[PDB]
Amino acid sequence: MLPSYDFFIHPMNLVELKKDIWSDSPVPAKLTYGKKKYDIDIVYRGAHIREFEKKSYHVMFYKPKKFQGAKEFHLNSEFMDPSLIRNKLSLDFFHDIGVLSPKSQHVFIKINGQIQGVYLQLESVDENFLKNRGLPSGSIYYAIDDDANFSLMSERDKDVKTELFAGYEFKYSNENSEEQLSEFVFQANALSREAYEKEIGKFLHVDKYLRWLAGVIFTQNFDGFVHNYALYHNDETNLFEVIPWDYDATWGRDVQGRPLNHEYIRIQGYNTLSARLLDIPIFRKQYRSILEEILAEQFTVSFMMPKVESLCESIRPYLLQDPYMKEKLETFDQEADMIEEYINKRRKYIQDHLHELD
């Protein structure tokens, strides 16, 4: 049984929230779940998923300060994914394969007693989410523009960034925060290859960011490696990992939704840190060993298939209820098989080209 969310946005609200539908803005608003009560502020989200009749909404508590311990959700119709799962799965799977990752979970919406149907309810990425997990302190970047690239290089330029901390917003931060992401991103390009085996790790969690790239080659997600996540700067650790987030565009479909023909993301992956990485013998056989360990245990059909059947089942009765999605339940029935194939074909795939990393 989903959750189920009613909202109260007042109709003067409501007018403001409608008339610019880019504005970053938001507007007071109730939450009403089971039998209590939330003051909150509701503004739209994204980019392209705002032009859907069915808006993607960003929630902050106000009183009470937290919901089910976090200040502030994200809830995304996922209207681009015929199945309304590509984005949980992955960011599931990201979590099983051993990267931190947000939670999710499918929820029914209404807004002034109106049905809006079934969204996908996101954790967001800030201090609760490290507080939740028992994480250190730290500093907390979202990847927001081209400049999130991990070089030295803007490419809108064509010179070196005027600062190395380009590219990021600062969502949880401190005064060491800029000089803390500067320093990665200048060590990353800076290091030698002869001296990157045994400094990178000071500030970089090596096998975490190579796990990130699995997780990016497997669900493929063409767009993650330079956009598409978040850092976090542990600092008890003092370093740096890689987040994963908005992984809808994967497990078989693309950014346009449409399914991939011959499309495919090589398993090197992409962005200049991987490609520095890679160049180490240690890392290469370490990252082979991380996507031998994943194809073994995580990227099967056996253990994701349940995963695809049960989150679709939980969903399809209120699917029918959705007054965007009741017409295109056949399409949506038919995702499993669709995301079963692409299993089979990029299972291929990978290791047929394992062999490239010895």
The other form holds:
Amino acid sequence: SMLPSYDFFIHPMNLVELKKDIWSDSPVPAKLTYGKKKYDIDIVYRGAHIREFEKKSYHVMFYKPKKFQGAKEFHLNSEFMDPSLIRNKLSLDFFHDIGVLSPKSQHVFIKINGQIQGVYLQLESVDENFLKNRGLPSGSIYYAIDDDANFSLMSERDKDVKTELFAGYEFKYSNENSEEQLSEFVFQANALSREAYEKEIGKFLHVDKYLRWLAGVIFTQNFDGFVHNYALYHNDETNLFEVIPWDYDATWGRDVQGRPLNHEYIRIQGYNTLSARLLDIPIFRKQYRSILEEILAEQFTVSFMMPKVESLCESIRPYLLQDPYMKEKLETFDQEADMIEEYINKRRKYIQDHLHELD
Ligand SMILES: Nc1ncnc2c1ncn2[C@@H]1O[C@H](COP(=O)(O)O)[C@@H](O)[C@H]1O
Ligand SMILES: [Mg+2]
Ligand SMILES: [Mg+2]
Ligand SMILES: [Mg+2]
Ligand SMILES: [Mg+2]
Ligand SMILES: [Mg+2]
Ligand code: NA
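Could you switch over to the form deposited with adenosine monophosphate bound, since the one displayed so far is the form solved without adenosine monophosphate?
Every component of the complex follows; first up is the chain already shown.
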């Protein structure tokens, strides 16, 4: 399980510019060498608080050649907040396994200007190539970027109806209809009555995929996954929206501050207005309960998940010993598998103990 080794060159003049204001989103030119092939790229720091680490995270945009392994860009996360370096990949792959569209990812080993930077998670860009590589129809992709991506009519800050129902999203891949399609979905999700919901919500939303995404938030326990940490995809063939996870490191027993969970938990009904409206419909409540039971029987088990944990950790461990930011804390890293295993057992019990609430 060798990791891909990427060698980046950033000209010293461009590196000075990159380091001058770490908060800038203006990229600089760079080069990537992978094996015997060289790529002209543009590179920029990514994220927010993750820019504060010496092990920076990067957004890589391919310039010439235009594509690398089917993509025009990817994200390189240090995952430094996660002592295991595996929670984000573990989560996103889990969403895929329970039937939700999800970014692919892989661990890589990077150098910049001949200096090892260590183990990174390469994350797929959810864009037009994400769709094309899965054989999915053209459409629109929107990234949840602020508190208005809440599936409600209401702006929390304004304490009023949103000025625009498409507020809260970056239009990553879009067309002339993208704004009105998103506004219509948000509107109908909130404006359809309980008596009309079962018949009509499925004209705008892929309900089974939404409920499977919701289950995924509940199983991984991303406490901020209901109104953040996702993208929307509007499939132009079916005219339906579905939800795609993003940024799932605060999962499997640790919170966004990196702390172990004590007695904190997420109720099985999850959060946000759309979740609430759906779970007021008997057929959708039963559908969701059946999704949870199915996942408890197949995917969210120690026997299924822990071999993946163990395989990921074994693949990266020798490289962590060569990582100047990680070389020291292999022992904490080694203890994360047991923490994740204990989490699975505790979370399974909670969910099983509360399934009756969906009856
Ligand atoms: N699939 C995605 N969903 C949501 N945001 C994304 C996605 N891919 C990249 N981003 C970017 O992620 C940034 C936030 O960083 P992070 O904290 O890593 O989510 C935003 O500026 C988005 O443009
Ligand atoms: Mg991030
Ligand atoms: Mg390009
Ligand atoms: Mg539609
Ligand atoms: Mg985050
Ligand atoms: Mg209710
Ligand atoms: Na973010």
